Every structure is written in structure tokens, then in C-alpha cells.
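Starting off, we have a lone chain in the form solved without the partner chain, written out as C-alpha cells.
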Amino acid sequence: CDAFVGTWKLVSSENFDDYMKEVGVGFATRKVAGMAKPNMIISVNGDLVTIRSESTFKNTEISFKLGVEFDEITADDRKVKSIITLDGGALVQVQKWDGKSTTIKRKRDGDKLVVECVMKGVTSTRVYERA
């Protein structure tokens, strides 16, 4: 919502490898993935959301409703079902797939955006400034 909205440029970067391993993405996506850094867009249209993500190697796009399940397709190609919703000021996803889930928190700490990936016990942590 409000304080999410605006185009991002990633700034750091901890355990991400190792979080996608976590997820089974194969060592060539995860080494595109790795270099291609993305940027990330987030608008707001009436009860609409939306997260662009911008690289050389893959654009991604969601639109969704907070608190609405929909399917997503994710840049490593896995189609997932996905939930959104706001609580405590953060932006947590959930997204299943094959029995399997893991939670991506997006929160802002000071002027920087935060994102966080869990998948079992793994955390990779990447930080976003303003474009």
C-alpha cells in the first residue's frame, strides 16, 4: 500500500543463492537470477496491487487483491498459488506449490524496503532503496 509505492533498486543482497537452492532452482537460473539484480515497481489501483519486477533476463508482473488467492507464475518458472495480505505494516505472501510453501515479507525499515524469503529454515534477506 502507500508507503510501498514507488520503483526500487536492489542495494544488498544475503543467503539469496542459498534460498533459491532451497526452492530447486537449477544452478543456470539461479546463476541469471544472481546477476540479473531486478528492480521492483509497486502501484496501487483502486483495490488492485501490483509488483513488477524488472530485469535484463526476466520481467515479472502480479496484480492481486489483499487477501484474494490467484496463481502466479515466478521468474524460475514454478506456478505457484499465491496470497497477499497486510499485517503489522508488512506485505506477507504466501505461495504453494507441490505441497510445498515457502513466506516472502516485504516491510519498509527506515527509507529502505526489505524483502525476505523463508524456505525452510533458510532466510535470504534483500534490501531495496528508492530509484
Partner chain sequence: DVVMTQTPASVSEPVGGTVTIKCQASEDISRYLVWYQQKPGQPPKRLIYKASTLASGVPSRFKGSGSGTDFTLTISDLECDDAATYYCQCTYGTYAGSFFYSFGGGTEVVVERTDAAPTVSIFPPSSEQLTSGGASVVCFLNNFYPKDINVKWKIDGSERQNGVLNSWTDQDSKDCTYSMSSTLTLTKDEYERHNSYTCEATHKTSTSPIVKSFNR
Contents of the next structure:
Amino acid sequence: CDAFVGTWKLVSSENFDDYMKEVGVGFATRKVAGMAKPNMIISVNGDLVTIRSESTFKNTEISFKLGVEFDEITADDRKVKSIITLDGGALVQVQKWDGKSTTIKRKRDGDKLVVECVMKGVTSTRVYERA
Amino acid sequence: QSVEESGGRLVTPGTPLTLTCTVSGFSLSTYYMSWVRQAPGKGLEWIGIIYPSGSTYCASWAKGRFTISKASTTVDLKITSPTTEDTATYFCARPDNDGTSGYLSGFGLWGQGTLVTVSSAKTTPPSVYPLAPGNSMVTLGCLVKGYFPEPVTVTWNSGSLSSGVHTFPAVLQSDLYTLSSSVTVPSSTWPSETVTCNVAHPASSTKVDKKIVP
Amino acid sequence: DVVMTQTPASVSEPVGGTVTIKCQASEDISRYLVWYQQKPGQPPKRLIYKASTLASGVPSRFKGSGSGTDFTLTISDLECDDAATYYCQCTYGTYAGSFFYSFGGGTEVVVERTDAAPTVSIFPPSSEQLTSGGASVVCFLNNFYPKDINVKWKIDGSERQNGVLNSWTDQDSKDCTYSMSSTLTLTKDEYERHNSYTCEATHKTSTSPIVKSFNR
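What's the form solved in complex with the partner chain like, now that we've got the form solved without the partner chain?
Now the full complex is given, and it begins with the chain already shown.
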């Protein structure tokens, strides 16, 4: 959990509009969020992991224990239940809400941090370099 | 703690040219470097950056026309096929981060620039005339007439009389430059002391010294 | 391939007052944006980086704001020294196989100050130039504000608009004045025909123009 720690800066995207229409965000509100470029700050206060994202249109932050479900409000403002576990090198997050599901894998790949999001075959890939 | 450009000169359109940044006080295996250019009376244009690993990005328009290599303690910008559009002052600069060794906080260190002139006009050395008075203060002058290319340094007493100086921007007519410098001193300071304007024009290895005399 | 767009291109403000320049990125670039000040002939100095953080030894009169696409530099207590041209730069690096380091088109700041008359000084053609069949008559109009000044030559009572090539300094960062050289280029030939040469400075300060002259 050392090689995730740090501030991260978005350098490529792929299908983030598609993924978002799948999670069900509105046309207008989907475009404006798609403009902005979130970063990703990841800290480790003792054993409580904090992941912040400092995008333009909305800032967000979550704090959790690895493998303990918790509640969050995601940037698109869904109220979800989610759990995050260090799964075979990656930091995998499941989010369950209104009978639906999605997975956010965060693996290191080279000096980068790759993020696969999937909701029913529809999958999006953002990439980050250490800022 | 320092960078310095060199190698700028007059070329004819077409012939390649290599500028050179030379560094001191830090290592190129730690720091990024970048070249930025600025044509006269115009904006700063970013050319390209070179990483500590040796990787390189160039602006969109620069691709094809520039190239950036590095050595031990130099960074070289090769201009591949100059056009008259490429006439400018080429700064060399150092990007850093929040403290140091990155790029996101931009440039913290620049050189003073090296002027590149692209043209098929001849090199002409300047003629330099005194401007003397032949009351509280007293103004004196140097007419630096008909040279090419820019630049041309003008000092007074080797730079030991630096205050009260105005050196006016050069102006182009035909393919020739012309500039004046004034320097205002106390009535008591001249003719009492001897004052002299010193003009350098590296392009033709000229150095001249008019003394100003009543 | 991102592009930065400064406004306004130029702006004037009196000493002690306040300016506001603005940058617009074409894409979102987060808070990765630096402001430089450039005085003429010097390379630029970094003022503010990360959109709002103050670089070392820079007075807080400089306030950098903005995020995402639209930023603003703001200079308060405008000192004479603040006369320069301010550039904004995107410093987000890599994005999508490109690199984003582009500069703004630049914004010049003029620091207004109470008017000042010019110290006019007229100089004949030196000997050396006369030996080359050249005759340049020089006229220094030193240390005035505002910029616009009107210089007129007179050969023997008669106006002259022919070979007059003026040059103006950038605004001084000691005292916010400008200076101007006016030069009248003649051949030795035409020079020897006349006697009364004169240099006229028409400026807001005095109702009547300043005049310096000499007789060949």
C-alpha cells in the first residue's frame, strides 16, 4: 500500500462518457464533468486510507478500512455502499447501490496508475502519472 | 543555479544552426530543460522540453523543424532548416516542481537569451558618431548608425557609468539598423571627467570607443 | 496543442491602484498555471505558480486566482517597478500523448503617473559623419509622461517631415517615464544649404512647445 500513495495527475481517458451513461448520469451534467480533469490523492493515516479527487466541477473524498464496507456519495451524487480491498496487487472497489454494481480496479502499471471502471461490459480507462 | 545560451548568429535561410545551453549548479540527470523563443516585440513561444531520461516533447508546429539533444552539462537545440520566421531570441530555461526536479511549477531559471537572425542580408559593421554639446545637468549621445544584424551592446566607460542612460530601440531601414544612446550627467561630472561610449557588435567583431569632447 | 488566451492585451492604471489580467485555457488544465513578469530585454521572472502559490521573494500584492479554465492575476498597490508585460503559461504536462506548456499572448501593463515635461536636447552632425557625406541631426526628448508626445523639426522657419525616424523607450521602472529619440537623416549636400535647425516638443505639460535649436 506504499506504491499507491501520492498525488496523481490524469494523462489519458477512454470511454468515460460511456461508462457514465451506464451509471446513469444526465446528458448536460455528464458533459460538464467530462470536461474537467480530476487528479487523485491517496494517503494512509495509520490504517485508514483516504482517497481524494480534486476535479474542477466537484471535489470528493472517501476514508475507509481495507475490506470494511462503508457509505459514500460519489461525484455524480449517487448514495452508494462500497468496499475496497487490496486484491492481488490492485486496489479494487466495488460499489453497490439501487440493486446495481460496478468495479473500480486501480493497478500500478510501470510508473503509471491505471484505472479500469466496469459496469456491465461497458468499461473505461483513465491513467495517471505522479504529480 | 544557472543556465546560459550561446551560438546565435546570422545564418542564411536553409543552413542548419545549433544553439547550446550550458548549465552549472545542477545535474541534467535530475532536471528537465526546455527551450523557449521570442521574436522581437512579440510573445514567448515554447519550443519543447527534454526530460532527465532523454525523452523529448516539442510543440505541435515545432515538430519537423527543431530537435533537442543533451550531453553532460549542455542542452542543444538544433534548428533544422531555418526560415526568416525563425528569427528570434532563444531563451533556455529550467522547469521545476513544488520545490524542485519536475515541471508543473514552470520555469524558475532562465538564461539571458541568444539572438538568432535568419536572412540573406550581408553582415555590416556600425559606424559610431559622438553627440556632444559643441544649466543643472548635461545630456550626451552616441549615434550607432547602419549595422546588421542585431544585437549591438552600448556601454559608457565600460559600464562604470550606467545611470542616467537611455539606449533606444533599434530601427530598420533598407536592411540596416540604427540606434542612439543618451546619458545624462551632472554639469560638474563633464567635461571634468572624460566620458566615452563603447559599442560592441559581435557579428563583425567590432569594438569601438568614441570619446565625447566639446 | 492547448492554447492560452490572455485579456486584455494592454491596460493602464495609476500608481497605488489595481490591475486585473485574465487567462483562459482551451481545455481544462486544473490549477497548473504559472504567471511571469517580463521587463524589456530581460528574461521573464516567475511570479505565481500552481495558479495561486507565490514564488520566492514575490510580494503578496500579486494575487493569483482561478482553476480549471479561467484564471486571473491581480496586482495591487501598483508600484512604478510593476511596469512590464505579464505572461501566463499552462504547466500541466503530458496529456493524451501531447505536452501542454503553452504561453499566453501576453498583457502589457502601463503604470500612470502625474505628467512630466521632457528635457529636450539637440545635437548636430558630428564631424566624422560629415566626412562620409552623411548628416544626421539628433534630438533626445528625455523623461516624460504620458507616452504621446509630438516632435516637429524646422529648417530655417519651415516644417520638415522627411527622414524623421523616431524611437521610444519602454516605460522606465524607476520613475514611469518614457524617453524618445528623434533623428533627421540628411545628406551632407542638403545639410550645408541651411543654417537654422530646430527641434519642437509638443506635450500636454506646457501650453507652448519646448524648443531647442542651433545654427550651422
